[PDB]
Amino acid sequence: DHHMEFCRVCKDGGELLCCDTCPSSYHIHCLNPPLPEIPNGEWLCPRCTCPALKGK
Amino acid sequence: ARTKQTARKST
Ligand SMILES: [Zn+2]
Ligand SMILES: [Zn+2]
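The listed protein sequences correspond, in order, to chains A and B. Each residue of the first sequence is one higher than the one before, counting from 87 in PDB author numbering. Each residue of the second sequence is one higher than the one before, counting from 144 in PDB author numbering.
I should point out that these hints are in silico values taken from the structure, not numbers from a laboratory. Cβ coordinates follow ideal geometry from the N, Cα and C atoms, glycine included.
In silico contact screen, one side only, chain A against chain B (beta carbon under 8 Å); selected entries:
id, residue
1, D87
2, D98
3, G99
4, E101
5, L102
6, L103
7, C104
8, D106
9, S111
10, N126
11, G127
12, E128
Taking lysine to any residue pairs in the SDA-like style, the calculated list, with each CA pair at most 25 Å apart, reads:
id, chain 1, residue 1, chain 2, residue 2
13, A, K142, A, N118
14, A, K97, A, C131
15, B, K147, A, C134
16, B, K152, A, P109
17, B, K147, A, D106
18, B, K147, A, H89
19, B, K152, A, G99
20, B, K147, A, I124
21, A, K142, A, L130
22, A, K97, A, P122
Please model the entire structure based on the sequences and the hints provided.
The following block contains the structure:
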């Protein structure tokens, strides 16, 4: 596998949402909008979901 | 969206 073996939030290795763009691992409830189940399609972690790079 | 299941802190 190519992402963390536990939720970056909990350090718990439950069902971890494999960020489609990066090796970040989270529980669907350790996100901003908690999910009742793993999303359909391209899911990105909070780290990847920032469109505006705050260079300043 | 993908998911892994490894070592969650149940034990
Ligand atoms: Zn978690
Ligand atoms: Zn990511």
